[PDB]
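These notes are about the structure you will find just below.
A protein chain is absent from this complex, but the other protein chains hold their places.
Letters A, B and C name the chains as they come in the text, with residue numbers starting at 1 for each one.
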Amino acid sequence: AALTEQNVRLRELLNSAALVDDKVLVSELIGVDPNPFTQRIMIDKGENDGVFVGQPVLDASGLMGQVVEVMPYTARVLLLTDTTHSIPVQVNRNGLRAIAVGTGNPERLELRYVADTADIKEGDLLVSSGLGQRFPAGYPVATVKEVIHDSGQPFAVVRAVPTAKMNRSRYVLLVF
Amino acid sequence: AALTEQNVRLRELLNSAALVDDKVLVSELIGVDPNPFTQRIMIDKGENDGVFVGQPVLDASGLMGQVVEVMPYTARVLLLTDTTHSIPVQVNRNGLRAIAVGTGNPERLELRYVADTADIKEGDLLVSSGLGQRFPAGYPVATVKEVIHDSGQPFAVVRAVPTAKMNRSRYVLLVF
Amino acid sequence: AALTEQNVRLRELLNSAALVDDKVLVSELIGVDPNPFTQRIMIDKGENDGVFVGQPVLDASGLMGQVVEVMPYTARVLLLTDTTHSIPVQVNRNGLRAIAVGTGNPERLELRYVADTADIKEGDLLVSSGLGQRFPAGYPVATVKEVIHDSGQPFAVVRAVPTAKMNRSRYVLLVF
Partner (left out) sequence: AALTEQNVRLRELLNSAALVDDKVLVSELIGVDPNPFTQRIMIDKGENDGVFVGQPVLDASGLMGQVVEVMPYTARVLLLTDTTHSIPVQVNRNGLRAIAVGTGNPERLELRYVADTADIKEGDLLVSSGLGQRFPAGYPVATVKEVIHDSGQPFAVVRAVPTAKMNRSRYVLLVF
């Protein structure tokens, strides 16, 4: 049951193993807090494996977050969906720039600084822009779920859904 | 023209000078970045005046933010509306607890962790809860502007309007 | 003819000699370029009189500009209406903040960074805010002449008329 599931997930990772242009360490999600909102997880790679603080973490469908602390053989990763996390993004098709902030909900981000009149709609893909010099650019982050316009305010309300699996992830990739 | 305006504002501060239960230093807003979104300001009090990092800052109508760096005679204050700022709050009437995050818009906060079914509505007052042990409790923070409910997601979307003046403030109070 | 005119203007200056809260040097406008758009003038005070680069210059009705270069007994002053000049201001009544830029026209300024929905109207007085730490705050700068709203853009177009006389000024005051 674990050997099947692990194989399926591993294959998916091999199919998306060409999405990177560098060396990536295949680490597994191991320590997780029981509460289903704890937007921070642990990985089965650490210092011995060359993992460092700040390192980006992704899966076969999206950027997941960043390492925020390292142990000899394990490490802690803050997910994009944490209220404390922000990532610069852009709408894939047109290059419209924004900041995606965590909401504390496992399945939602919110985009900041999107003009109320901006060309953005449900289903548009957001990808990393790299503009904070933390993440490689071009990797999928989320898809727009909703736009809410607001009378008198400069910026629209934009809710999005991460493309990575967050809570339902198995194995994770660390970028060098 | 400055003597009139300054007097009006000062009076308002004297009328709300009984809202505190301790000693408060009356400081003025002095250095501000030209850009009208820079959610961070400076004050005309500093180290010489006993101002410290972390100190809460408010006006006659709301909590404004916190000191984040000190100079001999001036200081820098991060406002609640900054994307990096979060404050624990509660709905005044019923005690429903939430986290108010800055949106980067001068006139808006967003509440996190509010159950989709929660008893919250447009016009409800949010006040500090003190639960992060950073702010005194009971001081006005914002009023709910909008609730948006979301199918399948645990938490509602709540937008609120700070009660303090943020960008349109003159003088500020520092709590000891 | 010059003794009458000079007396009238001097009196007006004596009536507005209580608008300052410090020592002010009464200097006259002396060297001016023939072209009626040259938004830069000279004054009959200089180094010998303690005039310095950066010093604010005003008349009985408004801030006029700043000294930009000093000579033994004369000095050059850049006016607010020069395209290269900007001054932080605020709407007197409500404290709405903005940047007033010179237009190159002797009788016009333009305000930057005023929300399209902002509470501003024809006849509102703008005064210095001091927020650039160059000018004393509270001194009259201009009155709003026109608001033009713009579909899709965040900021309104605001044209204003300086309260100082610019080209039709006689004598000028330098603030210490």
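FYI, contacts are C-beta pairs under 8 Å (C-beta built on N, C-alpha and C of every residue); 3 or more make two chains touch, one makes a residue touch a chain.
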item: Given A:24, A:96 or A:161, the one touching the chain that is not displayed; value: A:96
item: Residue touching the undisplayed chain, where the options are A:17, A:71, A:131 or A:161; value: A:131
item: Touch criterion as defined above, residue of A:56, A:65 or A:140 at the omitted chain; value: A:140
item: Touch list for chain C against the chain that is not drawn; value: 83-84, 86, 99, 101, 103-105, 107-108, 110, 112-113, 148, 150, 153-155, 157, 159
item: Interface residues of chain A (partner: the chain not displayed); value: 86, 88, 92, 94-99, 112-113, 115, 125, 127, 129-133, 137-140
item: Residues in chain B touching the chain absent from view; value: 34-38, 83, 104
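Keep this in mind: only the chains that are shown with their structure count from here on.
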item: Inter-centroid spacing, chain B versus chain A (mean Cα positions, whole Å); value: 31
item: Chain A, residues touching no fewer than two other chains; value: 154
